[PDB]
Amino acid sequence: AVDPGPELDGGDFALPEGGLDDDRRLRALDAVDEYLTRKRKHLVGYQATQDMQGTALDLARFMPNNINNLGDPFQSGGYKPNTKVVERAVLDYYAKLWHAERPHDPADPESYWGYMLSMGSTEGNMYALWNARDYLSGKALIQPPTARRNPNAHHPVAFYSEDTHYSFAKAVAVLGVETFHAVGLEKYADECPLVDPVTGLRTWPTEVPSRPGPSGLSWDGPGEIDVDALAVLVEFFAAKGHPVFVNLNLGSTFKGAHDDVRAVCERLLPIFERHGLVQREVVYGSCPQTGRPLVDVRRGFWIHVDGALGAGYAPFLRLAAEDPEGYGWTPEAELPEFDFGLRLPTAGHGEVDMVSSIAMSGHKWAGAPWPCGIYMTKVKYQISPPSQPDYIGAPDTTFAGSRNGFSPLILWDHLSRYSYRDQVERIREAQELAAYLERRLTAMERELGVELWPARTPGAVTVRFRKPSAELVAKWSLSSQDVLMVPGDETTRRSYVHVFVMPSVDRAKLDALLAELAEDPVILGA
């Protein structure tokens, strides 16, 4: 019933052979600005911070520059208009924040290596899976400067929850990584160790089960991976000799759940030790003359944290949890230890540093005018690139060719403006406002006698509820998801929306949405 306003008219933007005069150009750009401004101010349904006024003032001066961070961030190449000194400072910030070992040093296998992304986490998760595929499959590594048989040994299997973002399923297809489901169905069709809770049959699920909700099924659950189910699936493939890739979601896309990274790691480490995956000889080729195995020693598992969203705020929440009286806040929910600092003892290999890589999107929690982000891992995981006759070192070891050198400035400017304490306050207000929205939605159910189906995973900055009219969804940019309440049965479909409480979402904005929700024709219904 409310108005989202007009969309842009294609006729205003058509680019003729003769060009557009200045008046037609400005009218068009004004139309874009009017549209974008109205939508930016009402966006509450996506995990994207919208207020960046300071960054625009600070950094508009750089727009005349064709900046290019071509090549490795730690190497000084020929394209001199680059921001790699800035990129390194941002990577250093996050390396400390995620308890990685800094500075980066090609001589120290445990030091971090990472780079800033020219897309968002889509690029970072692709790189992770490329890096993990090759590492676990035995491709040659960048060896630092100084100072069996098992037919499944080169066949990594990938594991992740049903809450994993779809762009992650694309990356599996792009890179030819095999999921446990595909390998299950191809090689082990009748050997599925899980019983399906709907049918009671041992059918291979398409992803690792997420934890169930009041229904007994994942659709109304928290969206966190079922650690028990994961451990059963990993054991199965690990016992057969496959190396193992596990993606864990730190701030899942629809429910904002945090997979319990520490619990997963504690549960899986003994499985990896029992099956020889902590340290295992890997054939990475063969030099001619009766030397059929060239062999180095690697770990046979790779744990990746998809922190597209949550890697930007979780360290700050956990900083508060460690010193609640210092920050004047005790977070309601515990967020798992997830970073490069997570180390666990073993029966006979010493302490193991569990996480191999993390991705984060800069345009999610921090906010940016375009997609950007960070991929980070350790020097010891770096793959050797394809050989050529130009003889300086490894500088193409990134996904992108040309690389965005403006994004470093954006995130540098952001991080320079907020202290740790300021970052704690941002995640505090978002957490408290998400709790408030959930309280207000349940009060509205009681006031009006309408069902809203509100749900919020403890510790998430998102709240899901019944989808209102298309016009309201369009006005406030509410992301939608349909769920089937009983898998395979289309008559049990429910339509949800969610609101993400980012730092640019305040009380007033939420109260204005709630006021329209209360008069919405679908919500009031019939």
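Residues that one form lacks are left out of the comparison. Just so we're on the same page, rigid core means the largest C-alpha set that superposes within 1.5 Å between forms. Numbering follows the first chain given and starts at 1. Compared with the form deposited in another entry:
The only C-alpha among 393, 369, 270, 212 that moves by 2 Å or more between the two forms, given a superposition on the rigid core, is that of 393.
Superposition on the rigid core between the two forms places the CA atom of residue 77 less than 2 Å from its counterpart.
Superposition on the rigid core between the two forms places the CA atom of residue 291 2 Å or more away from its counterpart. Taken over residues common to both forms, the rigid core alignment between the two forms yields 290 to 293, 386 to 394 as runs of three or more consecutive residues whose Cα atoms shift by 2 Å or more.
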Contents of the next structure:
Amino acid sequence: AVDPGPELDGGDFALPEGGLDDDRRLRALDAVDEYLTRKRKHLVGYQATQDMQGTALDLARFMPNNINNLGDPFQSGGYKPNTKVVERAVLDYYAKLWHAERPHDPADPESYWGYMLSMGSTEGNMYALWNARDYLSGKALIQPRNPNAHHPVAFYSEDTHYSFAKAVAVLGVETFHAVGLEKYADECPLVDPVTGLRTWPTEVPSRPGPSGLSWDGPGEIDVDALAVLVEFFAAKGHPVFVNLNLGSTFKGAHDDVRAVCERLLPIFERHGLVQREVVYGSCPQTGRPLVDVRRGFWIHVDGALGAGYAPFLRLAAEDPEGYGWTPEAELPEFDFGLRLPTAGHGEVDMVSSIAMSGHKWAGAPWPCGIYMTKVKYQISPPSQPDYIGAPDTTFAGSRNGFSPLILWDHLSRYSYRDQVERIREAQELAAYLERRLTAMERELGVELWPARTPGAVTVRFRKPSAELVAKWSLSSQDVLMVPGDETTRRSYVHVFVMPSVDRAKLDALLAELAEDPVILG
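Next up, can you give the form deposited in another entry of this protein, since the form deposited in one PDB entry came first?
Excluded here are partners and other molecules; the one chain stands alone.
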């Protein structure tokens, strides 16, 4: 019934040999603006903040500059039109927020190192897995018999973003599923709840919902299942990479990072993964190999979304009277401050890396974000180029130096208290949306299948008409309610309550949903 409005017409944008005159150019740019403006005002289906008027006014002035943050953020280098001083300020802010040790100091192994991304969190997840692959496999670091010792195995839940399947293929890192099928075909330690067979699952199971299966579950990793699987491979001598989702793509779930770490640390200690000798080369002499001591596990937090708000929710949880708000759900401790005792290695700082997207919670006009780790994990760069004047420590070559300005401007405009208010309002509006959807089910006598993981800023429900989906940029996911069986398909959409989503917007969507031909049946 509803109108998403006209798409852009390719004929208006065709670029001829002779160029376009000023009138045709302006007509085309006006068409783009009219399209983008309509869509941005109605987007509620993706985890991307849409309002940034203040930053546009503040930062339009920088568009004439070909800014390039080429090389490591902690040295200018030769390309002087760079914003690395701003980039370091942004990195410092998040280092504090995530309880990392600051300042960055190459002589302090425990201090943070990180950089701003030129893609989105895909770059941060790729970098994390590259960094972890090399660290766990014995490649040389920056700072000074078991056949599986150099064969890391990757673990993550079924709710993990597709960037990991991509990163694993790019980097040649083997998942527990691939290694299971290849080397350990009949030894899967988990029983499949559908078939009762010991078949290796493709990802670590997520927690079950009312169905007994993960499709209607919260989207959080099953800690028990993870621990069983990690023990299996750790006992075989494999080092371990674990990715944990802090604000998962479809359900906005938060893996219980503290619970995972508590449950895995004894496994790591039992199997000699807290501190182990690693050979990182050899030379022709009576003696040969070079050895150093490393951990044999790497825990990465994919906070693409959640690393931007979770610190603020946790601040309120710590001082609910001070912020005038008690969050309804507990968000897990997840950051560089998470430290656990051991039987005989002292306290262990559990997380090795975090990724976050700037175009998610904060909002940006293009993809950006942060990768952060510690100095002690940095890998020797792939080469030493004289011509950038700064080391090649990043995934990108040339880097977006406008993104530091975007995030700096944002962060400068809000206090911690203001940031707590933004996550509070989103949490409360997500709860409101869930309430209104069930009230709609009762008023109209229709099924909407609404679902919201406690503490998530997204609510899922039955997919409406294609036109409504297109108007409001609703993201879609199909599930089979019984894995394998194509007849059990349900189509869901979700709404992400970002800081640019307010009550009026949700009420306008809900009014259209109540008259939608698919919803009504």
